[PDB]
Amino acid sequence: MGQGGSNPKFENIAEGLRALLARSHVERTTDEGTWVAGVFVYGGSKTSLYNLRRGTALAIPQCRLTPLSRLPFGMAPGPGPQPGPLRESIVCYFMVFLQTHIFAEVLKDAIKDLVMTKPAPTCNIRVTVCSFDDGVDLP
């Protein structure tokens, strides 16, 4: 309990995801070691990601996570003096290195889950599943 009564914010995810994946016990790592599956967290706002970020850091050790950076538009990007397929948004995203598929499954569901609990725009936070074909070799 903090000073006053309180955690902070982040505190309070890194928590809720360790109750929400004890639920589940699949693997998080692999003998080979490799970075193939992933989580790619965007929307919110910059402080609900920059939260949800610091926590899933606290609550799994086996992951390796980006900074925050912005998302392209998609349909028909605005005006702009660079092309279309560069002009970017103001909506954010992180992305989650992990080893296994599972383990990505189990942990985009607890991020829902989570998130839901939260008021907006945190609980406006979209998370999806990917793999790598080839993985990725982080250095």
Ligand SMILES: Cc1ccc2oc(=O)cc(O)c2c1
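Positions refer to the first chain, counted from 1. Whichever C-alpha set is largest while still superposing within 1.5 Å between the two forms counts as the rigid core. What changes on going to the form deposited with this ligand bound:
Summarising the superposition on the core between these two forms, the listed residues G78, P72, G33, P61 contain exactly one with a Cα shift of 2 Å or larger, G78.
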Given for the second form:
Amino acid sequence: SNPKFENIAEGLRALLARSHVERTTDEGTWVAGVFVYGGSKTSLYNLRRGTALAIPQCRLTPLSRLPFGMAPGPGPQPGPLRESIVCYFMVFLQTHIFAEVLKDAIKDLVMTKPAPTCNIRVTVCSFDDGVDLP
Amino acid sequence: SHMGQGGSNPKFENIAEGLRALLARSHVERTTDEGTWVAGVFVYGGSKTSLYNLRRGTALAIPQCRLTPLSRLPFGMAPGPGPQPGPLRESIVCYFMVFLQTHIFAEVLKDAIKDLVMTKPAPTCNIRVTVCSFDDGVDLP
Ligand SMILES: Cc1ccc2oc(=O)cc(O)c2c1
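Show the form deposited with this ligand bound, please, because up to now only the form deposited without this ligand has appeared in this conversation.
Entire complex below, previous chain first.
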């Protein structure tokens, strides 16, 4: 009933089906993830919905906003709390090996789409002590 | 030290002062020439108000960092009910993330937050924190 989200999920599944790495552990801890940002608010939201369908084993934050980085020139730098218009979401995962596969799959999927979707960025991230999701 | 009207300061200002005191013990690099955002601390739990105060105090204490807004965590094992797929369901537990340019400073800040919140009453003392690492950095705008 949501063909847009399901079609993104299918694109992701086709890429993910080409690898067979473990997505869960007996420990069950949330120790890795992918950090997904840019594009546009709507395109990121749509990707998030498709990720949820394609990967039951993950957990997702809502969209939120990124702060600014460094400003060029002699100043002023932005305050740490200032919010940009660029959005992000986090995917929590139980294995780093699958985080790497998902990062590769997102990169491969979005590059086949027109802007702004192709401007979505992704990096693997790790959590030293895990995140105790409730 | 400075004292506001009536002999008290806001909680976020006292957090800033506490963080400044703890961080002053560690003379580690906070920035790099490359200027890339490769590390962070992920802060969660407590309550929305206690995280709000911690976030505001961290910003006041550390100009070299960048912070996300407060947001909400998904569930772990066995998510709560909802019409949407399990991975998307939101708990009532909140979080924010601090981005940093060095891994050592993320470690120092993680330890400072842990030490500071342990001195505060519940629910602030229930705040949790882990260092995180971004393999390719985050290209903040
Ligand atoms: C793979 C992907 C991700 C997000 C998207 O977001 C959109 O708005 C339209 C899409 O075709 C799309 C595709």
